[PDB]
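The primary structure of each chain is shown beneath.
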Amino acid sequence: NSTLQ
Amino acid sequence: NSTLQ
Amino acid sequence: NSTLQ
Amino acid sequence: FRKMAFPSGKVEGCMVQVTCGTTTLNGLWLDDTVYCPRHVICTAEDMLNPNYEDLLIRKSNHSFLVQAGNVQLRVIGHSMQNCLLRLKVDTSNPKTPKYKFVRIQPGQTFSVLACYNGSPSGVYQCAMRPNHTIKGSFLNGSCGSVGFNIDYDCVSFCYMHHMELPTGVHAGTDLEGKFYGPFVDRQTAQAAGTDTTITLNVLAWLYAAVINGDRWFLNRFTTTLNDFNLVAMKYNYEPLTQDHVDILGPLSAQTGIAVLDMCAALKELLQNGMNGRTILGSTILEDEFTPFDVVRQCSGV
Amino acid sequence: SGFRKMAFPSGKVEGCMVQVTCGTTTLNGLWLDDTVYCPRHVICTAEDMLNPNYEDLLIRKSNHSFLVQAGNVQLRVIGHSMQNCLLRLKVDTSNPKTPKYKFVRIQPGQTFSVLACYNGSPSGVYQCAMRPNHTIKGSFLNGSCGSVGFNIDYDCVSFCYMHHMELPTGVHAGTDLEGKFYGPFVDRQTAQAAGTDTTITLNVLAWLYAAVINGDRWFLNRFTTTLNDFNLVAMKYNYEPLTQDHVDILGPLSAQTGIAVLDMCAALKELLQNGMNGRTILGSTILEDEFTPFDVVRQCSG
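Quick mapping for you: the protein sequence lines, in order, are chains G, H, K, A and B. By PDB author numbering, the letter at position 5 of the first sequence is numbered 5, and the numbering carries on one by one without gaps. By PDB author numbering, the letter at position 4 of the second sequence is numbered 4, and the numbering carries on one by one without gaps. By PDB author numbering, the letter at position 3 of the third sequence is numbered 3, and the numbering carries on one by one without gaps. Position in the fourth sequence (from 1) plus 2 gives the number in PDB author numbering. By PDB author numbering, the letter at position 114 of the fifth sequence is numbered 114, and the numbering carries on one by one without gaps.
If you are wondering where the hints come from, they were derived from the structure by calculation, not from laboratory data. Heads up, the beta-carbon is just placed ideally off N, CA and C, and yes, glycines get one too. Be careful, since some hints might not be right.
Said to hold, decoys possible - For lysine-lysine, the following DSSO-like pairs were computed, each having C-alpha atoms within a straight-line distance of at most 30 angstroms: (1) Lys12/A to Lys90/A; (2) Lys97/B to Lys102/A; (3) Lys137/A to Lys137/B; (4) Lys90/A to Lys102/A; (5) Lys137/A to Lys61/A; (6) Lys102/B to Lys97/A; (7) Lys5/A to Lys180/B; (8) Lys5/B to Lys100/B; (9) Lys5/A to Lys236/A; (10) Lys90/A to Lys5/A; (11) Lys102/B to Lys90/A; (12) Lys97/B to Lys90/A; (13) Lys90/B to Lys5/A; (14) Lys12/A to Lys137/B; (15) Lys137/A to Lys180/A; (16) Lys236/A to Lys90/A; (17) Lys12/A to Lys90/B; (18) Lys5/A to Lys5/B; (19) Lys100/B to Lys12/A.
To be verified - Simulated restraints, written as ranges between beta carbons of each label pair: (20) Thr24/A to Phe103/B: 39 to 45 angstroms; (21) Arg76/A to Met82/B: 51 to 57 angstroms; (22) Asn221/A to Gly258/B: 49 to 55 angstroms; (23) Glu178/B to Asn221/A: 48 to 54 angstroms; (24) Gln192/A to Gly275/B: 33 to 39 angstroms; (25) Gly195/B to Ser94/A: 51 to 57 angstroms; (26) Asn214/B to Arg222/A: 27 to 33 angstroms; (27) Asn221/A to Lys100/B: 52 to 58 angstroms; (28) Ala260/B to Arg60/A: 50 to 56 angstroms; (29) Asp155/A to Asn277/B: 48 to 54 angstroms.
Throw the hints in and build the complete structure from the sequences for me.
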């Protein structure tokens, strides 16, 4: 779950 | 019958 | 005179 | 019959780069406001379970570096709206197009302008998946990229990119900051629920096929809405609803082919396959063209 | 992640679209600086289209014979000149939106973005490949002559295509921004066929690498092959012959994935021979070939 993408 | 426009 | 081109 | 994206000019003139600390991502500048994902004020570790409200209290307008091209946009205010951040700026965007903010519905489609730190990289068409995620293409720094539809002169913004799911899928919000699906903007377990085939669009696609002269799959029979769902649900298709049948009215009127007659054809296409044949080229049933897209691309708007 | 067929942002091109009319014939044109480019057949009345002499047809026109419009405002034509199958109309106003650009003739197998227009008004954008047989499978060009194909490198726009015909065999034929046709086609309403086409082997390999960079490996195997043996196979399935040059190109991708070009080739060979078995690759059920090694490197990295 990447969050900056 | 090649068509244009 | 002028030629309308 | 390609999947076309709306011209992206009106939206390109609204993309800016937003930088808070060591974090950078895309922003949408409409009038004197810039919207961007709230997690812009984070640096990984916070993500696990960051208390944004309290992490924002320590931030000041100068904490934000908004950039459009090389020019720097002075921020004179900041607030939070659900998962979004609303940054007021001392300058109104001279390229602001006529717009609206709308929440898209499962199965509907839109165009996405992928951006990387303020710069529009490419544009592509996608659909809001039944499981509430989108199968797009976002690399690093594309958060804040947006989805939209165009109608005449009005740009309807419906999606803003926030997370990527372990599935390789994507999660986002509408321009009000509320997420599509259960997803949250933190770092957790969360995974995409199982997906189904958008029965409604597949149907729209077939009408398209018939419209362009591809009609071998048609037959002499019909079916009951109930009988179609029984078959369809086996092949993992979204249940068709009365409300859906009515959306197919225009295409049905154009072709003179009743929705349930087409269902009868689809039921057969599903139980027998295509037998090597093709429909509009594809060897598979396309489900990412809405009834509207069909009307758009065919009736050349 | 995800692997979407992407088109370049159309903004810089939209700001150059205009409508050009002559008699009753109307199509799109490209307004760059103080010039407007459009298919010279705009000057053809329906009949003329069966066997027209453009040289002779154009002698009969004047500058005021042409009506170009930017939106609802009309631009005045001060001069006209024919260049191959195009037409260069000079105008009095200058497009302040003209971006940095180049005119480029692309090579078969390459990709580009097309901005479909109708009456100088932009309708949509899509990414496509210049087929080996020189045509472009663009089912979407039903009255959009004058629409253009292009690529965008940073801030410069490279125009490579101008739509001209609907070759009855589906598909479409066009010109480069210099008027020279792509393929053995001509500006005429006379039965023409698209030459034999092949699959773009170079791109299919780039595609497979993309699936690998994206975390997919099921199609790989313990084998390897020489260029020659690979072709002997691939050529049976209608694939463009592969050359050392193609292999070099796949250079970076190979380095990145740690898989040798010739090894990947051995994978493709197997896929062509055994089919995919209801398995998918990067979401597809068939092998994709409208993604260049460059497009892959560009979207899988940024």
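Cross-check of the supplied hints:
1. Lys12/A to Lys90/A: 21 angstroms, holds
2. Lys97/B to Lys102/A: Between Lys97/B and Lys102/A the Cα gap is close to 26 angstroms, so the pair holds against 30 angstroms.
3. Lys137/A to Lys137/B: At roughly 24 angstroms apart (the allowed maximum being 30 angstroms), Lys137/B and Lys137/A satisfy the hint.
4. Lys90/A to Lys102/A: 18 angstroms, holds
5. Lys137/A to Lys61/A: Status violated; Cα separation ~34 angstroms.
6. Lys102/B to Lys97/A: Measuring from Cα to Cα gives roughly 26 angstroms; hence the hint holds.
7. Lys5/A to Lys180/B: 29 angstroms, holds
8. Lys5/B to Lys100/B: 25 angstroms, holds
9. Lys5/A to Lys236/A: 27 angstroms, holds
10. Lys90/A to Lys5/A: The hint is violated at about 36 angstroms.
11. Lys102/B to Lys90/A: The hint is violated at about 39 angstroms.
12. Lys97/B to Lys90/A: Given that 30 angstroms is the threshold and the Cα spacing comes to 28 angstroms, the pair holds.
13. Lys90/B to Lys5/A: Violated, at about 36 angstroms.
14. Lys12/A to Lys137/B: At roughly 28 angstroms apart (the allowed maximum being 30 angstroms), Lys137/B and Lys12/A satisfy the hint.
15. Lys137/A to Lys180/A: Roughly 19 angstroms between the alpha carbons, so the hint for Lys137/A and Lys180/A holds.
16. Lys236/A to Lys90/A: Measuring from Cα to Cα gives roughly 51 angstroms; hence the hint is violated.
17. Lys12/A to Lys90/B: This hinted pair holds, its Cα atoms lying about 28 angstroms apart.
18. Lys5/A to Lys5/B: With Cα atoms ~9 angstroms apart, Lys5/A and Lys5/B stay inside 30 angstroms; holds.
19. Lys100/B to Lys12/A: Given pair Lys100/B, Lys12/A holds - Cα atoms ~19 angstroms apart, limit 30 angstroms.
20. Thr24/A to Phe103/B: 39 to 45 angstroms: Roughly 42 angstroms apart at Cβ, these two residues keep to the hinted range, so it holds.
21. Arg76/A to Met82/B: 51 to 57 angstroms: Given a distance of about 52 angstroms, which is inside 51 to 57 angstroms, the answer is holds.
22. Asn221/A to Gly258/B: 49 to 55 angstroms: The hinted range 49 to 55 angstroms holds for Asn221/A and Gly258/B, with Cβ atoms some 51 angstroms apart.
23. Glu178/B to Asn221/A: 48 to 54 angstroms: 51 angstroms, holds
24. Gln192/A to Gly275/B: 33 to 39 angstroms: 36 angstroms, holds
25. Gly195/B to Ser94/A: 51 to 57 angstroms: Holds - the Cβ-Cβ distance for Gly195/B and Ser94/A, about 55 angstroms, lies within 51 to 57 angstroms.
26. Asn214/B to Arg222/A: 27 to 33 angstroms: 45 angstroms, violated
27. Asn221/A to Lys100/B: 52 to 58 angstroms: 56 angstroms, holds
28. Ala260/B to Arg60/A: 50 to 56 angstroms: 52 angstroms, holds
29. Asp155/A to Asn277/B: 48 to 54 angstroms: Cβ of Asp155/A to Cβ of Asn277/B: about 49 angstroms, so the range 48 to 54 angstroms holds.
Of the numbered hints stated above, those contradicted by the structure are hints 5, 10, 11, 13, 16, 26, listed in ascending order.
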